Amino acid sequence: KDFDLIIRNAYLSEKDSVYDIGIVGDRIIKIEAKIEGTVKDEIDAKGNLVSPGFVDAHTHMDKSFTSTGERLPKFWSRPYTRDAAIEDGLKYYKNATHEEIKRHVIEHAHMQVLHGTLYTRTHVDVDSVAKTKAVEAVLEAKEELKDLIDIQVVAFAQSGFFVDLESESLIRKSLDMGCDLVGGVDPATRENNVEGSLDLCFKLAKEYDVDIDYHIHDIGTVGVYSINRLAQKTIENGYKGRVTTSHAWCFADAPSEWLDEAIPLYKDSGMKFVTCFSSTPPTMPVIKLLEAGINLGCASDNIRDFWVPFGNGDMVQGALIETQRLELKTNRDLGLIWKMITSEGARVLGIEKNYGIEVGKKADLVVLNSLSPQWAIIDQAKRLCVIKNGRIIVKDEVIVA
């Protein structure tokens, strides 16, 4: 047989036309309006959109689904407060067993896969309370999930390198255990040492030759300042394109003049950003950043826990949420949001070379029940089929093998 798998009549948005997709093994090897040749299995997209696997560029798989179990979501029957949320996190990581954490990660992964997400980057809490317990469970689950989804693990110094002085050693162990990236939190309001926390993070990064993904929530000018120091140090340490800043809420409230003068520095350092649809500020300059050529991905962030009660791990649902938060309507704008949940996310993860519906690339695809990116966002229709490494793993809202 010429092909292991063929998807007939697949509308490809990047080419704006219907085609057949020829797959052998884990790669796409042919794309034509009508491909001749024998094949083992066939799927009829019936002219509907077929796209590459969605990318959820920022998750917390280890603590997900912790709000579930009761008539009402736990942790939310009281006004939201940063302290009560930080406490809930300490309790959880203290009493949670290795098997508890692993099952949550697996629940999360299955939910993502069912919605077409085949790539994701999760952050794992690393402090003197969670130790490497959470790290061990995540890496274990990651292995058990390699045939369903690709997971990047960030050793996340959640309490701050200068607040929990045990963080640095625990991060080395986590990186030694195999974590793919390292990251800290608010160098300013959390660490109270911008130069120190950033320099240390880069030190650890270089020791294990891993990339960086920083949580920067600080609003206004202090947030932009923190990001500018990070971008500048990125160039200094020869780390162009190896650094991601998550959230960057500060771009929504800092004077636009501050973002305008920093964009050249972000492009020169190849800084990557990720905005989570569970918190993207309405005034966040999303379209502006994309039009400027800045790499901006999208993500679920927390899912049903003490930080965010929401969550279905559905990037298509997230896209609709972004259009409402940002008040977007045109086909071009929805088209940009679709890029954000696909190719932009791929670039954030650094897998763009192998990402995309094109000859020679990975056979990781999603067959939707909608005519186009715009209609899929509007329709919110269920995925009809999900394919990873040339194998069908989801068929009609159910995980096959």
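Residues that one form lacks are left out of the comparison. Numbering follows the first chain given and starts at 1. Superpose the two forms; the largest set of C-alphas matching within 1.5 Å is the rigid core. Compared with the form deposited in another entry:
- Taking the core as reference between these two forms, the lone member of 94, 146, 329, 78 whose Cα moves by 2 Å or more is 78.
- Core aligned; the single run of 3 or more residues with all CA shifts at 2 Å or more between these two forms is 77 to 87.
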Second form
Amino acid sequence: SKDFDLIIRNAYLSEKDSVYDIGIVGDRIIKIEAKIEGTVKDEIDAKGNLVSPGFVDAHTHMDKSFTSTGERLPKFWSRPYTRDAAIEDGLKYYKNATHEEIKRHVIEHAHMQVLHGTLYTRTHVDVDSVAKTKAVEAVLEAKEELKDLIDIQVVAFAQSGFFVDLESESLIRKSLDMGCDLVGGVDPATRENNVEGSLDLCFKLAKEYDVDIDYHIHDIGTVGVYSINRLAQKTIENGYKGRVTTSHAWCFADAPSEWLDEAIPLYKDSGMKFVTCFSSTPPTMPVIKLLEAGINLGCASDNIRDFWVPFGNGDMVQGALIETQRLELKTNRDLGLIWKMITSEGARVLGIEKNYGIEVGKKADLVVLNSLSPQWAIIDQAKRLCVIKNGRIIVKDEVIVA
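Based on the form deposited in one PDB entry presented above, generate the structure block for the form deposited in another entry.
Coming up is the bare chain, nothing alongside it.
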């Protein structure tokens, strides 16, 4: 009987630089107008504040999150981080971890994300000889139970290395067969000790299940740049343009700048996408340079409260503040670039850009903020007012009401 299922009144829209009413029917934005007349079931008044599309946390580890919790001090952080140690910690952990513990962590992680207005995430999940597909199974189960809260892509993740743990290949195939959405490895050079082999193997598996690729490349300096360049060239050779993401690419921060300058056309040609996580972005990462060159660069938590990262609130607005401090940004323009990173850049990384944004016909997945603008939100860190997924209110005043 009624003209709109939901109307958000008085919404400041950063892309249009003005205040509008937003009219929603079902899971779709139907109308954006200075003032909407018509009958409506439910309304939310944004009161002139910013309303944003849902945030995108383009790289998480939901499977092993919150494992540092339960004592006065974070567990595991009596010692400094190294990749190989954190790998051994993970193999020890998954020996006895239960399906229910892992599913609980994934749900807790998702709840924390959605409370902060993240509506889309791409999680990695550990696949190795100890975890087997136990973690994958729990993640895919949770995913299904969370589908009214948050959209999740799952990367089948060969955390130990295809050429280090030889069971990885069979187990990743199974993980893909089970329904993982992407495949990925780690450090073709310093973990695998076999750049060409590891990358070729990832493409073989990807192609078998017709999935996209998200690769963890931590390696610094010229060995990092070399490894991403090999990845990018293989992307072209395999007919995989636009289907490959490189996570981290810390090497862009310490390799000679001329190495990045030479590789940019290759990245554009291959449609290589990137993710920088705010838990590790190097201070001298050329974020603004990448963005100005037209490179797709999303943003993410990475791990939350585990034996890799003790931090994490699953909050992209807090992450955006963290980036501005890491990178030493202040201008309104630069804060605006960070805001695109946690929104529309992420959407592009995830491949959802056609249905993402506050425009007519797009999905009604939205966050009403308590701040005036992207810049003021990053600065003031005000809590979210309301979160809307599939045109239904799922968070109101710091509670999940879905």
